[PDB]
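Asker: Mind docking chains N, P, J, K, Q, M, R and G on chain O? Use the hints.
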Amino acid sequence: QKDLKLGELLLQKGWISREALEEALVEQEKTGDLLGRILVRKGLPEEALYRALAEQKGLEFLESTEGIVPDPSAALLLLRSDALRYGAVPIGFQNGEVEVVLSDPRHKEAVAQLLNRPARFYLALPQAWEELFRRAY
Amino acid sequence: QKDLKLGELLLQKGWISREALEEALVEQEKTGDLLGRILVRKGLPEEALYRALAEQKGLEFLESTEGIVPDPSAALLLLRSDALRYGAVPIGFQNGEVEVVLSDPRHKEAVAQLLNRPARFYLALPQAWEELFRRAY
Amino acid sequence: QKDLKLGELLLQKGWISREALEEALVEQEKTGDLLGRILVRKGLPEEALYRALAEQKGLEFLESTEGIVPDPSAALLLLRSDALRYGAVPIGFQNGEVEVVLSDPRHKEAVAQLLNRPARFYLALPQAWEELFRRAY
Amino acid sequence: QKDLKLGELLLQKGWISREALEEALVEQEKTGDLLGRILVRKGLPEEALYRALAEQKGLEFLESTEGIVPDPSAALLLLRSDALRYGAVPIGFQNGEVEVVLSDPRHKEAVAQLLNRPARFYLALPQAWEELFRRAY
Amino acid sequence: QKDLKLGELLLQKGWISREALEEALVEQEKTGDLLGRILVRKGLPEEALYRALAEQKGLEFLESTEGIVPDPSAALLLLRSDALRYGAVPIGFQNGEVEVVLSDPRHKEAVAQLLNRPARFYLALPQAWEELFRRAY
Amino acid sequence: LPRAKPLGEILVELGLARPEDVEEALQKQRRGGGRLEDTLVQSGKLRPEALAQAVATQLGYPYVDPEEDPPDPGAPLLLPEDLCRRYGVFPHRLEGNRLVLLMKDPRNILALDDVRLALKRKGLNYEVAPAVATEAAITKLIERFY
Amino acid sequence: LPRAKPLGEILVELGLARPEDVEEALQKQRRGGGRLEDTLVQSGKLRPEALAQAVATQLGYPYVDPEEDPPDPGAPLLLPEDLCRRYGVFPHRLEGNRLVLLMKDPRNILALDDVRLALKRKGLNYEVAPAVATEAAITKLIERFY
Amino acid sequence: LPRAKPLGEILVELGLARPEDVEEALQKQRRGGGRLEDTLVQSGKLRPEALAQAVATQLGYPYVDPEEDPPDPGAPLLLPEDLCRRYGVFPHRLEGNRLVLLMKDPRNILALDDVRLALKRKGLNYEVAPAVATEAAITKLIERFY
Amino acid sequence: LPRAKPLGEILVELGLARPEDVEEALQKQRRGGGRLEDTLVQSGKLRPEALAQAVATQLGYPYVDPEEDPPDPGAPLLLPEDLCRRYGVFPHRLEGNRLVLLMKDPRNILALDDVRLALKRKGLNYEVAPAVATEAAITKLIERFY
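Chains as they are written, first to last, in PDB author numbering: chain O, 163 to 299; chain N, 163 to 299; chain P, 163 to 299; chain J, 163 to 299; chain K, 163 to 299; chain Q, 330 to 475; chain M, 330 to 475; chain R, 330 to 475; chain G, 330 to 475.
Isolated chain O, as found in the complex:
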């Protein structure tokens, strides 16, 4: 449950409206869905989403999946539909950590999925992750 507030930094950066923050936040807190993830589509542009998320969480922004190729084994720590809900895909293993290609770091319902490993967190536009979710499982 930690970042420099999902939604809030996006608001501070001029990426979202407060109202978008709150709609997206309510579903995050209420349904377990996600504020960053929901904010895009509710008024937030995507690179802008990711730019704040990168600063909110400490994420390394990524490219499409012709670059970001999933891990034959780690990818199954979060399946396509879990990855979609989560806003993430698990890739790799180094010094105990799995990389997480986020769309949104707060997954209230089950951020624990994927994080069956210690992890490093990454970030990018949903086009990339959408294909990656399908590639993952």
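Derived by calculation from the structure, the hints in this document are not laboratory data. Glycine is no exception: its CB is placed at the ideal position from the N, C-alpha and C atoms. Don't take each hint at face value.
[Said to hold, decoys possible] In silico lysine-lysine, DSS-like type, Cα no more than 30 angstroms apart, as pairs:
1. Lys451(R) with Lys451(Q)
2. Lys449(M) with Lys449(Q)
3. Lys469(M) with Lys469(Q)
4. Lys334(R) with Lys204(P)
[Stated by the list, open to error] Okay, the calculated beta carbon distance ranges per label pair:
5. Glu338(Q) with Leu238(N): 36 to 46 angstroms
6. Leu406(G) with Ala465(M): 44 to 54 angstroms
7. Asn257(J) with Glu410(G): 17 to 27 angstroms
8. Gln163(P) with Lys334(R): 32 to 42 angstroms
9. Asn257(P) with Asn257(J): 17 to 27 angstroms
Answerer: Okay, now just chains N, P, J, K, Q, M, R and G, sitting in the frame of chain O:
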């Protein structure tokens, strides 16, 4: 209970009217409440007091609560309606030690609170906290 | 399960014939033995596999039976026939040390063998494994 | 436990007839006795053995008792017959190791002497041990 | 029990007759009294003893009780008879430093008496050391 | 750093300078002689940290925080403090010919040529990856490691 | 930088000293070579903190307590120990180029300039962001972080 | 020496390169005066795959990934970084007088000669116990230790 | 020194050589510039192990194996690494003004007199007791203990 002469340091550092101290000290000596929270409003600004309270415990006084971001997760269970009255919140984890920011470290029962992580204690003003907490959660 | 596709590199590098890859790869999914090991002698000079392992897996690049010394203290840990299919001879022994030298650390059917104690992987040929087992097993 | 090939220095350094090694090696291999004491008298001079064991086990060859002076810390409690039959005395200290002079470091009943403390083992001839018998106690 | 052997250094520096050594060792086992204390009387000329002993333990080769004054509190710790077979009445009595001036730090059975706390050793002539009892108990 | 999205595109995405601000500031350079990214800080439209947001956004790079991303110990020799101050950079992970840059100065032409030549002078072939770094924090990474 | 109202009578308005005390001390420093901030202390007229506080009011640089005001360690490396002791100053938060300089009296322009230059030779172009403190606390802070 | 089976044509014979690439490499000979060997890789004409197998084929070498193979930390000092990176080489485990030198092309005799001399003037007795690997990965490995 | 018997000739007495090997190697050193102690094996006649055991024997001293015999650290610091390397020697037991010097060639007076001078600078007025070892073993001893 005890510290490195709260009241003498307050007078020396230009923090209190001597009046604040003698009333507040006697009140501690006669009631058991503590000099720190007793001194403010007796001829002592909260800023002036908390700088002294921290100094005299080996703890540190923090910047305006406008900049002091509450721990994003702990705050979910220490919401505006809770946090405003205490005047306190633990913050992050400075690698090995959380900044437990209190409203008065002379109270050992205060340093006990919010102590869910290895810690050092820090201190910030309840009036300032009310504005932050009102804003934040 | 995962690596830089152990044994396919060999085709790219001219290390194996196309036919070696196609047969060994069918056998890989069909039998559980992995392409890396399966390819040897399918059109794959064994050394070339070690060039590929040294590259695709990163195992310490060691030598043939005229290089690597047999030692039953460890060789007796794994059956010669399965070990030859696995691709390794465990060699040497100190209370705190065993070396395991392996041609296919992808082997979905049995990759986890031998390195279950103060040991790590090194890289060398089946030529050596069979002779080193016969010389010490 | 590793060594630098007991028996090989004896031949390679011109210390033995190959016969000493082969007969002795076979007895180690077939009777279970240890190659060190087995080798001497098989075509191997006692001096020759100890110089090979010294190098092979990372140990040191000892000269007569003008050199191998017993250590009274134990030698005055030690029976003269222990100095003789194990061919051994625990001596002084270095780093944390205490020296064990031995009739044969491969002969673990003798290396056992001393080992309340870490040790480097040292080596000598039957006459060194009979002279040590005569002088130690 | 470590030393350069009283009786042997004594013979080496012309300090004793050989017979002093041999008989004193017998009395040293049969009565259990220190060899050295016994040697003086069996054929050792006083100083001759102490100089050998000081070599044996690496001790300061000292002057008399004019300067080396005993401790009567410490003296009464031991039966003077225990102290006499021991070979010294103690000087001082620190937890990690009893000052002792023994007539024979080599003699393994009487040397084991008195030191309820370990001693730091120094050594002079028997005239001094017997005077040490006259001056304390 | 390489050249890509033409600053106004991303300053707008980023909420750093609106299409209107990037035009006004650019008009300043009719005598100033600089680039959009320069004029924006000269004109007070952008903070240098805003330019940092732009240099990575331009290329699709990460928020390499100066206080979080490891300053690969050989990297400061590759891209010297002098270089670093000129372009608002700090070298990080080295990759053979390649270099990750903690960075401020967006697109430009000079930043490419000069960071590149200032790098070849000492080591590698630039082949760089600017990443967003707040300038105050960039300065600390530079000072702490060269 | 700092510029200032007279310490002289700000102390009077603050209820710290009489105009007689501040002028007397002002005439002392006129010949002594020290500052009014020192002569009020030396003469027993005012406590260093009283003057420090007054200086905050005098200049617009709030009273700050050095023991806790964050002495960002980089700042001590940026502004040397002797340079600190020399003026009764201590460097704190760094921002871009900006330096919070906690001073016994931030009116000490010599310090500000010598510091400006010293900091620049070590890393920053300055822009003091001054504050004032009891010199003893600053001194202790200098002892604490160098 | 070394002799055996010339790298240029074998890069091609392996099915990993064209005779046209040996010739363009040879064009570097015509435009520089080096050998085939050298130019096959230095001018970038024959495929790295061709070189991975061919260099290995010409004289008899292993091929290994430097990022993982035990890059003996003392060995990097055996060949100072510029005398290491310029030739695409990296010192791995030492074997007494011998060095496991990992190189982009252990048959590139010009680059190899500069390195060999460095591995005797700065290094061991050379007595190489060599291996082949791409220059990029080798360079990353070199940078990690110097 | 001591003057010594010829190495090859002591090898003859030991059954390790023919006088033919001694004189032929001797004629080689007369032109080669090395010593008989080197040419018995450099001329391809006598085993280097034989030579190693035999030189101290040639002087009346023992064979001491460098991988066994304790290189008492005072001794390699007594006689510096460069100086040891220079003669193919390695220091061992110390006593009074004494030093056991384990040499590939105990006859080598360059060591013993340059060693003398080194020992004297340290505080020992020399009294070296040459002992002989396999050159490779002392090479390793030299590599391992300064």
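Asker: Indicate, hint by hint, whether the structure satisfies it.
Answerer: Hint by hint, here is what the structure shows:
In summary, the hint linking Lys451(R) to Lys451(Q) is supported, as the alpha carbons are separated by about 21 angstroms, within the 30 angstroms threshold. Note on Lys449(M) and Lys449(Q): the hinted pairing holds, with a Cα-Cα distance of about 27 angstroms set against a maximum of 30 angstroms. Between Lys469(M) and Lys469(Q) the alpha-carbon distance is near 25 angstroms, which keeps this suggested pair within the 30 angstroms criterion. Between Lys334(R) and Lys204(P) the alpha-carbon distance is near 25 angstroms, which keeps this suggested pair within the 30 angstroms criterion.
Separation of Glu338(Q) from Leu238(N) is about 38 angstroms and conforms to the stated range, judged on CB atoms against 36 to 46 angstroms. One distance hint, 44 to 54 angstroms for the beta-carbon pair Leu406(G) and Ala465(M), holds here, with the actual separation near 52 angstroms. Under the hint 17 to 27 angstroms, the C-beta atoms of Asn257(J) and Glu410(G), about 23 angstroms apart, fit the expected range. Separation of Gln163(P) from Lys334(R) is about 38 angstroms and conforms to the stated range, judged on CB atoms against 32 to 42 angstroms.
Between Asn257(P) and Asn257(J) the beta carbon distance is about 20 angstroms. The supplied range of 17 to 27 angstroms therefore holds.
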